[PDB]
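Asks: The lines below spell out each chain.
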Amino acid sequence: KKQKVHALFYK
Amino acid sequence: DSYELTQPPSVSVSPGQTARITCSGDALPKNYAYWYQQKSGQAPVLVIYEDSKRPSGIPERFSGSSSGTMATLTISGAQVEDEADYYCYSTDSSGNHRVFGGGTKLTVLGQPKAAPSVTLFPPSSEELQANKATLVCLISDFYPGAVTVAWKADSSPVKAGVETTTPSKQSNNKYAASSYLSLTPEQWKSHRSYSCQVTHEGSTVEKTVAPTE
Amino acid sequence: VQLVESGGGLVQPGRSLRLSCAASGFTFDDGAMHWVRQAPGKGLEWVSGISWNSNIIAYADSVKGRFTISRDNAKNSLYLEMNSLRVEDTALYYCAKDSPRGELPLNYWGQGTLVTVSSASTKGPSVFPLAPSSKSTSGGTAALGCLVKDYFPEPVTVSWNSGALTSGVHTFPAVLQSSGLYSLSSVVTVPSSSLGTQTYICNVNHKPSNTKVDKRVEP
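Residue numbers (the entry's author numbering), protein chains in the order written: chain P, 168 to 178; chain L, 0 to 9, 11 to 95, 95A to 95B, 96 to 106, 106A, 107 to 210; chain H, 2 to 52, 52A, 53 to 82, 82A to 82C, 83 to 100, 100A to 100C, 101 to 213.
If you're looking for bench data, these hints aren't it; they were derived computationally from the structure. By construction, the Cβ of each residue, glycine as well, lies at the ideal position given by its N, Cα and C atoms.
With a straight-line cut-off of 30 Å between C-alpha atoms, the simulated DSSO-like cross-links for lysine-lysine are: (1) L:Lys103 <-> P:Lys169; (2) L:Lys30 <-> P:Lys169; (3) H:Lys64 <-> P:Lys169; (4) H:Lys43 <-> L:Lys39; (5) H:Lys206 <-> L:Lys129; (6) H:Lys43 <-> L:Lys110; (7) L:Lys156 <-> H:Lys43; (8) H:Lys75 <-> P:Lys178; (9) H:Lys209 <-> L:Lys129; (10) P:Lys168 <-> L:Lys53; (11) L:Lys204 <-> H:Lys129; (12) H:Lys201 <-> L:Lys166; (13) L:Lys166 <-> H:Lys117; (14) H:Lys43 <-> L:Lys171; (15) H:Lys129 <-> L:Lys171; (16) L:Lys204 <-> H:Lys209; (17) L:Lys166 <-> H:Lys206; (18) H:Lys64 <-> P:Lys178; (19) L:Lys186 <-> H:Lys117; (20) L:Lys149 <-> H:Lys43; (21) H:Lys43 <-> L:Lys53; (22) L:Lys129 <-> H:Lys201; (23) L:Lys30 <-> P:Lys168; (24) H:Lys129 <-> L:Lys166; (25) L:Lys166 <-> H:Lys43; (26) H:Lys117 <-> L:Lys129.
Some but not every residue of chain P turned toward chain L, in silico, with C-beta under 8 Å: (27) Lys169; (28) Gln170; (29) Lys171; (30) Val172; (31) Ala174; (32) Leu175.
Listed next, with one range per pair, are the computed distances between beta-carbon atoms: (33) L:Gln108 <-> H:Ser172: 31 to 39 Å; (34) H:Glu100 <-> L:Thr181: 54 to 62 Å; (35) L:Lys110 <-> H:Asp30: 46 to 54 Å; (36) H:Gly8 <-> L:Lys186: 44 to 52 Å; (37) H:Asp30 <-> L:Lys53: 16 to 24 Å; (38) L:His188 <-> H:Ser161: 31 to 39 Å.
All chains should be built: construct the whole structure from the sequences, respecting the hints.
Replies: Now the structure itself:
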């Protein structure tokens, strides 16, 4: 898909 | 500067018409766009997420799309309560940057468009006697409330010494702004003229003053 | 559900502040929390964020090495330690929270706390007349005014003819200069025929510095 804007905080 | 999302500074729509606000960004093909609405004196509110999804409580007239390097917020059948600043928000693929666009002032027109009244004052004799010089460009009664200001010394653009306010709403719902150019008395007396150029809705008015006046 | 910020204030460049954000009414989910700032009249800027367990932290390039975010869920609090403050850090600072899994980012916002970074000291304004002329004259009316230059802090008030003149008066919002000092202008539109007969005096009050100025404005 596309990356969500705060993805890094949920990895 | 950093990774950038580019929005038009201002969009105006008549009530019932469709408003479109664009957001261009190189990473948009691979990263979702999000949109926030911010009314004067209030915190922002999320209105579109993941390019096209609407949170609960957001009217169906709001929609979003993204194609290539451009995301668009569409408000179909704009209502007066939709007047606000809108911001797009996204990240680059590396996740190094989370950035907002510069914002778009959406005016839902509630009165006729109105060109600004512009008055430019030269440095006063009193200020020169204090070894200072300020040119004063006063801009009032414009609508919608978006303007840009540029200055010239003779025919040449000048940016040094320029301070300009953001537009503020007047009691009559039109807008006001001001711009100041600080110079030394020698600089003022050495040029044939100085000019303030005020642009509103694509229309630029130039006012000029001269030390020999 | 509520987010309430505090800790903002006035400091000189190079000094420090610690912002806090108290959260109420939230259950214990994985939503990340964030600081977002906005300078007066300008756009939003993401500053810093922190995961639910504080394991993941990030900063805007503009504040990296100067700001430190932290979070203590036991006190329902979020913090921002701001060191080596710069004038351009001046802004309203919002705390914000994501919905779970970051599906709705910045779903919840506070009201903001104001941070002002300034090297300015208390100073009364210099006031200069803005004389009416043929160039500020049209349609039977002329514009004249007063320039209120280089004061700190806000606010100033301006009247004309000791309050007897109110019609046609427009006092503009102040500009904040690079010096850290403010300036504003007040103008009045009057009949051009009155320029040779009616005296115009602006009365400027800057109570913070205990200064008052009366300036006659002549053609």
